[PDB]
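Asks: Spelled out, the chains give:
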Amino acid sequence: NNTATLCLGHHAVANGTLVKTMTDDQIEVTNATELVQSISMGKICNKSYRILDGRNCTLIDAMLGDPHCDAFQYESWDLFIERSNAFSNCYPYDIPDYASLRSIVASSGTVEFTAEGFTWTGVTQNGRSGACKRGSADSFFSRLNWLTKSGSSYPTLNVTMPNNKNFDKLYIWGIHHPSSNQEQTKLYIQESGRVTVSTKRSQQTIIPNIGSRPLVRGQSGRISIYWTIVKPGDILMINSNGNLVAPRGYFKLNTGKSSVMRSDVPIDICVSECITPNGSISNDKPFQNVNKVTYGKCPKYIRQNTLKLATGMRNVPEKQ
Amino acid sequence: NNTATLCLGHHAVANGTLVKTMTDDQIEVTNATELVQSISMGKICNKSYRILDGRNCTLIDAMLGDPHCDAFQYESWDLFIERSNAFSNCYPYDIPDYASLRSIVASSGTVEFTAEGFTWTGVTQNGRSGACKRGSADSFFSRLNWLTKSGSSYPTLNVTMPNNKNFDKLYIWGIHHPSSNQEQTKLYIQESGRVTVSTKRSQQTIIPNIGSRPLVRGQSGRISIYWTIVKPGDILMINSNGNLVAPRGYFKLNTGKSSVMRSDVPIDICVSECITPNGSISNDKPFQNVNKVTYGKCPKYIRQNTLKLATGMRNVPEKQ
Amino acid sequence: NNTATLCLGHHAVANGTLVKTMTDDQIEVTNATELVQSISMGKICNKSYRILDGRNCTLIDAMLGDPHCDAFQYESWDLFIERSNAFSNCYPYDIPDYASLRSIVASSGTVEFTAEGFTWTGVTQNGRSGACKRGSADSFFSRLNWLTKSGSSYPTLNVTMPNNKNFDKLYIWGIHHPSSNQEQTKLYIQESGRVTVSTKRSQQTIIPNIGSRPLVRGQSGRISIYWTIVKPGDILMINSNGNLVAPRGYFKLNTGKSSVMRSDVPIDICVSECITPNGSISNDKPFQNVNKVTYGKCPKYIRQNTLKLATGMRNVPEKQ
Amino acid sequence: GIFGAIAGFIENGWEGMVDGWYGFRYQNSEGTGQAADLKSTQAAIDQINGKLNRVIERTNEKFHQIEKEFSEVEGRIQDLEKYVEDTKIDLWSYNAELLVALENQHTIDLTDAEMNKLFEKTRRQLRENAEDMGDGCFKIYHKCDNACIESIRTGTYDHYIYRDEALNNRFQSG
Amino acid sequence: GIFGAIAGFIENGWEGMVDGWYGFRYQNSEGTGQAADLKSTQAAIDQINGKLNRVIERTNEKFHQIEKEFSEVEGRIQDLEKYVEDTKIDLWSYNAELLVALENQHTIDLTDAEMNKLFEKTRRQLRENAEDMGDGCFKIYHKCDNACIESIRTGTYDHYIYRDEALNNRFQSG
Amino acid sequence: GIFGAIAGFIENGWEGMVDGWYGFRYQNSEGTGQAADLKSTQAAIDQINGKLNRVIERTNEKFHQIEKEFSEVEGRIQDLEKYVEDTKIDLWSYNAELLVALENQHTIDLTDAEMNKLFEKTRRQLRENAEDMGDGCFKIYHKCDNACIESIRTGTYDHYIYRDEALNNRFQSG
Ligand SMILES: *[C@@H]1O[C@H](CO)[C@@H](O[C@@H]2O[C@H](CO)[C@@H](OC3O[C@H](CO)[C@@H](O)[C@H](O)[C@@H]3O)[C@H](O)[C@H]2NC(C)=O)[C@H](O)[C@H]1NC(C)=O
Ligand SMILES: *[C@@H]1O[C@H](CO)[C@@H](O[C@@H]2O[C@H](CO)[C@@H](OC3O[C@H](CO)[C@@H](O)[C@H](O)[C@@H]3O)[C@H](O)[C@H]2NC(C)=O)[C@H](O)[C@H]1NC(C)=O
Ligand SMILES: *[C@@H]1O[C@H](CO)[C@@H](O[C@@H]2O[C@H](CO)[C@@H](OC3O[C@H](CO)[C@@H](O)[C@H](O)[C@@H]3O)[C@H](O)[C@H]2NC(C)=O)[C@H](O)[C@H]1NC(C)=O
Ligand SMILES: *[C@@H]1O[C@H](CO)[C@@H](O[C@@H]2O[C@H](CO)[C@@H](O)[C@H](O)[C@H]2NC(C)=O)[C@H](O)[C@H]1NC(C)=O
Ligand SMILES: *[C@@H]1O[C@H](CO)[C@@H](O[C@@H]2O[C@H](CO)[C@@H](O)[C@H](O)[C@H]2NC(C)=O)[C@H](O)[C@H]1NC(C)=O
Ligand SMILES: *[C@@H]1O[C@H](CO)[C@@H](O[C@@H]2O[C@H](CO)[C@@H](O)[C@H](O)[C@H]2NC(C)=O)[C@H](O)[C@H]1NC(C)=O
Ligand SMILES: *[C@@H]1O[C@H](CO)[C@@H](O[C@@H]2O[C@H](CO)[C@@H](O)[C@H](O)[C@H]2NC(C)=O)[C@H](O)[C@H]1NC(C)=O
Ligand SMILES: *[C@@H]1O[C@H](CO)[C@@H](O[C@@H]2O[C@H](CO)[C@@H](O)[C@H](O)[C@H]2NC(C)=O)[C@H](O)[C@H]1NC(C)=O
Ligand SMILES: *[C@@H]1O[C@H](CO)[C@@H](O[C@@H]2O[C@H](CO)[C@@H](O)[C@H](O)[C@H]2NC(C)=O)[C@H](O)[C@H]1NC(C)=O
Ligand SMILES: *[C@@H]1O[C@H](CO)[C@@H](O[C@@H]2O[C@H](CO)[C@@H](O)[C@H](O)[C@H]2NC(C)=O)[C@H](O)[C@H]1NC(C)=O
Ligand SMILES: *[C@@H]1O[C@H](CO)[C@@H](O[C@@H]2O[C@H](CO)[C@@H](O)[C@H](O)[C@H]2NC(C)=O)[C@H](O)[C@H]1NC(C)=O
Ligand SMILES: *[C@@H]1O[C@H](CO)[C@@H](O[C@@H]2O[C@H](CO)[C@@H](O)[C@H](O)[C@H]2NC(C)=O)[C@H](O)[C@H]1NC(C)=O
Ligand SMILES: *[C@@H]1O[C@H](CO)[C@@H](O)[C@H](O)[C@H]1NC(C)=O
Ligand SMILES: *[C@@H]1O[C@H](CO)[C@@H](O)[C@H](O)[C@H]1NC(C)=O
Ligand SMILES: *[C@@H]1O[C@H](CO)[C@@H](O)[C@H](O)[C@H]1NC(C)=O
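Protein chains in written order, with the authors' numbering: chain A, 8 to 327; chain A', 8 to 327; chain A'', 8 to 327; chain B, 1 to 174; chain B', 1 to 174; chain B'', 1 to 174. A prime marks a further copy of an entry chain.
No lab work stands behind these hints, which were simulated from the structure alone. Wrong hints could be hidden among the right ones.
[To be verified] The calculated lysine to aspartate or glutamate pairs, modelled on EDC-like cross-linking and capped at a C-alpha distance of 16 Å, are: (1) A'':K172 x A'':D85; (2) B':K62 x B:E57; (3) A':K304 x A':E325; (4) B':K121 x B:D135; (5) B:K121 x B'':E11; (6) A:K326 x B:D135; (7) B':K82 x B:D79; (8) A:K264 x B'':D79; (9) B'':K62 x B':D79; (10) A'':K264 x B'':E61; (11) A':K326 x A':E35; (12) A:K207 x A'':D101; (13) A'':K238 x B':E120; (14) B'':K82 x B':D79; (15) B':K139 x B'':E67; (16) A:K292 x A:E41; (17) A'':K299 x B'':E61; (18) B'':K143 x B'':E120; (19) A':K264 x B':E61; (20) A'':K299 x B'':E67; (21) B:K68 x B:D46; (22) A'':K299 x B'':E69.
Input sequences plus hints: build the corresponding full structure.
Replies: This is the structure:
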């Protein structure tokens, strides 16, 4: 009539949301959004990154060139996947600091092996083995060269290889630990051998140990693997009285954005920018409770499984 | 009469408190609470955790079984305390990576030693020493087995032990470094000995060094200790031309919430949930300035010695 | 006339500043201040800290006493600068864990070498070399003592030195790796030598390796350097069948606030309290984008190159 | 919140308000009405989206790093690697906790503020022609049809023309 | 704080107020009086306890870790272990500093807010029957005995029954 | 900000105000005028300097640490050293980001608050002698020369002596 009334107010929903404040553990607001990524895609997205399935092979065995890991000869990757059921089928071995060498390959992100024309006169090359078959016949590692006696002598080898390339060359070599006195002599003449590898900058001399170990695929002998880097300008050199497993060339070291991960989930035709052992995960949220192990453009991992950030006002429905 | 006055106001105290804000370094409020735990209980609470006093013994000597550390034969702990005045009384020794082995015991949280029935034919067992007395008579480490010549021979030992248990077995062994040429021969026949220990997965061959060191409790010879893990399915193996100090069995590795700490304070009959070298400390406050070394459910350590969080309003007393 | 009007307001500038809030990426305020230190002084301020220019020398070569690094005999520092073009001119070498020893010197912050009166009877001292010249004549490292045969014998040396000082003595020693069989014998009589160094607490036996390496300043032989600490009360001891490069005394270990850094910028007569490889930087701002490598009282390094903290109100100029 | 408007002197919210987040209901010569206020609604929403944008979609590429889980028992190195990762996680976990806590406290207050702003703004338009009823409503002391009200929502209300009328009704017995 | 109430237009606090944190003093036909306001006091306290609960008693079990102090000089590993621990401590030390800073600034404002709330709330009850004296007091322009005042503190004050009287006294020479 | 004063009901700022950060302009019997308010200006500035002091010039001595860049390829140790440093930097980088974000949001609101404070303060002095025009100006309903105005800026304005006059002009046709 001759007055009016004007009431101010705000909206409210029926099914609201709880959130944390500085003063409240659970206070109700109209809306909120989840900042924690809890669930994973399920499987590994082939995109956007160059993924590589390890299957029956570990990275080290692909580097080495274990016959059943010859598929990965010419292969590079952004991320290399190692499966739990993978294994070795070649001559039994062990590496001092396996990890470091694994890491150094994975980071470079390739197994492409540039061969070099090494010469070793007075010694027979290409040693075979009944516990490392390529096809049906006895073979060895594709990228390592087992040197043994020629005729009735194993002469002290002194061989070099200058790195005149524009980059660090990675070299991979080893040494044979025989099972008995009689294998040592009957294969390398001398009763105790040595392997000194060195450059202008460094050295590493190894001496092997005779005596039988447990059988691993029918071998009580062992082959310990070592490596060496060579900076542009520097020269490689090998000295061997006996028991050397020589190299066939080098791997080239690239400063890579590559790596390796241990996962068991199938790879599939989805897409994502970040990868964990549980599978690929969605990128958009700032945090994650899937797995502290991750690769790529990828959320931060945190202990909590849900952190709701309020995206609306305090919800105050009519009181009964 | 025909008006009234109604004044709004807030309380205030006489003896207030200073606190920090974003804009003030020292501003006065009615009340505040301390978030930094500065002082300690004084001593170590036997509860709630299973505490163990090291006294005259270090953890390694209890593992090893130094005669004066035979009290800890059957002992496990949540936290093991090492005292500064503790020492060794057995044969002088040194370990490559003492820490790692200390840590690996402490984490497992026990010294209980399951014996195994090893055999070593052609060699006399249980070597004694004048610098490791159990009772009055010459003894050795309880859990290590000094092997020496039998008659006029020390035959190349080749001994195995399969781990068919449901867990990783930890094995502890060593090697004798003699003082002179004549102790080497007059105790192990051969002039230079070897100790290869190995499994399907790994190896570790040691060779000893003859020549006198400084006397430690009247011994210029040394005994270097090594260890080995064995995963279920795998097999242990020892090969020794000479100078081996054999094992008597294994320690069982549990995935424990145990650890070790260096403290000098007395243990007592109080209670707490967190422990430092200065003593147990109160749990309730979120921070602490006692010591960065701690165990259990325990506040965070921070550089500052007091951080008062205001628990009341700004205190504004009447102005003069 | 018979009313008035009173308008409240705030100031505003013409050329304002943008800043980030919780709700805005770029919002305009009257004023702001920069919290990130982006640019560097340009060069290294000799003050306030004791700076030392490495020039042609690395820290290790000054420790060792490479003839061309004799300038640094009596020198200590707060911060020691290593130049990229520096080098070695003495006998070619390599250290197991170069870094650790570098770090251990740098932290102690001095090269002052206390000599000790060692005796070695039956062996000639002060071995010279054509690839380590002091002046024009053939010299060696000033602080290492190359021992060789005297007459027709190299007797097994057994030499001690008790640390009765009030501190840990740091000792530096090495071993000769010959180029051929005939240098070994024609310089140390025996065909295979040994170097055991030990104390009450520890040991370290080295055995050298014969065989030629690449030439480094005309030497296919090598000299590997090792070190040893000795705690007050303990005794030093050396045992050498052959190939030992003996020590001339010790370095004293101080618990220092010293360090070492790799920089190429000139040192100059400015002043600052913090130092990076790019030069000294201004202290006053809490953050920095210059370099994660720093020394002294020095801002925190962060990824962002500018973070403006608003120091005035929201700037609201008159609208057109 | 800190303004005592939402969850305060405004007793409760309106589930029927779907046009926006803030607005008016009224009662005049022409019946009853409801309407939203865009300016204020959009002022609130613009901020929350500010927040979101800051927090969401700001991820960093990380490639080869360390191992964070091991099978073999090693000791001093694995210990260090675990503790190191352990620390990272804890530190970040705290940041994420405190973050939402801060933001949300702010979001609440932020939205409360905007409720008080639209109130005072409105109050200021009415000048002497109305009285705060204390429930978030003004009694307007003059006939104010839908066009009049509109004017208020528009910001174009001219008080000088109702003043005499309003003042009349505001001040007598009767 | 930001509301200018505490340490502001309320000149100072009352040491005599022990019933609570906020309240009234008055002067009427029946003498002088003081009284607390529970609602507001409890509204403030509930929040601070919110804060406390969040920060206090939220500790985590941690067991075997690394060593953080050493006797032997080692080099590249001990360096790494020290620096690593060193870093943790510094990072956490900053969190604890900033925490109290944030909280306290908030606690102050929070308490200031509640002072302004009870004021406006009260103001709104009185409607046209009183005037803000600007010192945190209202001159009420009508006889208001203890029951009347009570009504105000209760929230049950009906202005329509004093309005004529109050308006009278508010507006004349005399 | 949250008070709706700056960048709100105060339409814009005054580039001509150089005496300070806050103040008055007016229009009276004696002409037009501008003047600053020190109390309020200095209240704002004192706080920002509080902030600065806290953040600026609080550096810590750090000496020998780890290496953070390497030439030789090593593996498990260098990896750990890089990742460890990498982590520190990221964690600190986040702190610095959030810091300025927090502070600035606060600085804005802080300055907005002070604008509202001086307003309400002034309002409260005028009591019944003036009306909020809603643009940050009061129409004062009585002759108020420069001394009168001064009194307001001084805080010494006595309303009881103009009240009758003001009330007169506030309430009639004419
Ligand atoms: C040192 O000692 C160990 C054990 O004492 C010896 O290992 C034995 O080696 C056997 C072959 O030489 C091998 O026995 C066999 O039995 C299984 C049956 O399923 C089959 O795989 C083959 O028939 C295989 O030959 C075992 O590995 C082991 N024997 C037993 C009974 O465990 C090792 O040869 C010794 N080495 C020396 C003396 O140099
Ligand atoms: C190599 O050289 C060192 C020192 O040059 C020899 O150490 C000596 O060993 C002594 C026993 O052989 C021992 O001397 C003794 O004196 C103290 C007196 O309090 C007592 O504890 C005993 O009587 C003890 O026998 C010392 O440890 C030391 N001598 C001195 C004078 O410091 C070591 O035996 C040599 N080893 C060889 C040649 O194999
Ligand atoms: C083992 O093999 C390597 C290479 O096969 C030998 O290195 C040679 O050593 C030469 C000196 O003995 C040296 O040749 C020289 O040529 C350059 C010309 O600019 C000059 O610096 C000198 O004339 C120098 O003598 C080279 O370093 C290298 N020769 C070549 C052709 O690369 C090494 O001596 C062998 N060591 C043995 C058998 O013990
Ligand atoms: C309430 O929050 C939900 C999600 O927490 C919002 O739902 C989405 O809206 C955003 C807005 O851009 C979209 O990007 C997403 O596609 C939606 N996600 C989901 C899971 O639904 C919703 O917008 C909010 N409600 C509002 C604003 O009314
Ligand atoms: C990889 O190796 C597996 C495991 O040996 C091969 O598996 C074959 O098929 C069954 C079931 O998977 C296994 O039980 C047998 O061990 C294998 N068959 C035979 C006849 O030996 C598998 O074929 C291999 N795949 C690739 C791609 O290399
Ligand atoms: C994601 O998968 C990981 C493995 O990559 C899970 O981690 C394991 O799961 C068990 C729970 O059954 C936990 O005890 C350990 O954390 C892990 N154990 C082993 C032996 O690896 C993890 O739980 C999964 N998490 C999510 C969210 O899917
Ligand atoms: C002022 O603060 C002090 C401590 O800083 C408070 O004292 C305690 O009150 C709490 C409340 O639950 C109790 O848990 C503790 O047992 C008390 N501790 C100590 C050391 O006295 C006190 O409550 C506060 N004063 C108030 C609220 O009036
Ligand atoms: C642990 O060893 C200590 C130190 O040797 C023993 O101390 C005995 O008593 C006094 C004073 O404590 C020492 O000075 C002597 O060295 C020791 N006495 C004798 C006769 O040798 C202590 O008895 C030992 N305690 C335990 C529980 O093993
Ligand atoms: C708690 O005890 C620790 C030892 O566990 C103290 O640390 C030592 O104390 C001195 C001060 O006298 C400091 O220089 C060093 O931090 C420590 N030195 C050595 C040799 O250990 C610590 O000061 C004590 N702190 C408190 C709060 O009780
Ligand atoms: C606006 O900010 C600038 C710098 O960001 C201020 O300039 C300085 O003022 C401070 C005040 O103590 C001095 O310490 C510095 O010497 C000045 N630095 C530079 C680079 O000019 C300026 O004061 C601010 N303007 C004001 C407050 O009006
Ligand atoms: C440090 O060594 C340098 C590099 O050898 C010396 O440089 C001399 O001068 C020129 C130009 O710098 C170089 O090309 C030559 O190699 C050096 N000259 C000669 C005659 O050999 C420099 O003199 C040395 N300086 C110090 C202080 O030791
Ligand atoms: C400061 O100097 C450092 C070197 O101490 C610079 O770091 C190098 O610069 C390049 C850019 O040209 C970057 O790719 C790398 O970070 C560094 N490379 C090498 C080989 O060291 C750094 O860029 C400089 N930064 C500033 C702000 O001056
Ligand atoms: C809200 O949720 C309840 C229970 O889940 C459901 O029955 C109802 O239909 C929903 N109603 C709304 C959003 O109005
Ligand atoms: C406050 O403290 C002073 C000095 O410590 C003391 O003398 C006085 O009795 C106390 N008075 C209070 C809390 O009223
Ligand atoms: C502001 O900056 C502009 C462009 O840089 C310049 O031309 C002008 O003179 C400045 N004027 C001011 C601060 O009033």
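Asks: Compare the structure with each hint and give your call.
Replies: Evaluation of the provided hints:
{"no.": "1", "hint": "A'':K172 x A'':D85", "result": "24 Å, violated"}
{"no.": "2", "hint": "B':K62 x B:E57", "result": "33 Å, violated"}
{"no.": "3", "hint": "A':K304 x A':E325", "result": "46 Å, violated"}
{"no.": "4", "hint": "B':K121 x B:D135", "result": "10 Å, holds"}
{"no.": "5", "hint": "B:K121 x B'':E11", "result": "13 Å, holds"}
{"no.": "6", "hint": "A:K326 x B:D135", "result": "15 Å, holds"}
{"no.": "7", "hint": "B':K82 x B:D79", "result": "14 Å, holds"}
{"no.": "8", "hint": "A:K264 x B'':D79", "result": "13 Å, holds"}
{"no.": "9", "hint": "B'':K62 x B':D79", "result": "13 Å, holds"}
{"no.": "10", "hint": "A'':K264 x B'':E61", "result": "10 Å, holds"}
{"no.": "11", "hint": "A':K326 x A':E35", "result": "14 Å, holds"}
{"no.": "12", "hint": "A:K207 x A'':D101", "result": "10 Å, holds"}
{"no.": "13", "hint": "A'':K238 x B':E120", "result": "75 Å, violated"}
{"no.": "14", "hint": "B'':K82 x B':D79", "result": "14 Å, holds"}
{"no.": "15", "hint": "B':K139 x B'':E67", "result": "73 Å, violated"}
{"no.": "16", "hint": "A:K292 x A:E41", "result": "8 Å, holds"}
{"no.": "17", "hint": "A'':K299 x B'':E61", "result": "15 Å, holds"}
{"no.": "18", "hint": "B'':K143 x B'':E120", "result": "22 Å, violated"}
{"no.": "19", "hint": "A':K264 x B':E61", "result": "10 Å, holds"}
{"no.": "20", "hint": "A'':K299 x B'':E67", "result": "10 Å, holds"}
{"no.": "21", "hint": "B:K68 x B:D46", "result": "41 Å, violated"}
{"no.": "22", "hint": "A'':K299 x B'':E69", "result": "9 Å, holds"}
Consistency with the previously given hints fails for numbers 1, 2, 3, 13, 15, 18 and 21, ordered from lowest to highest.
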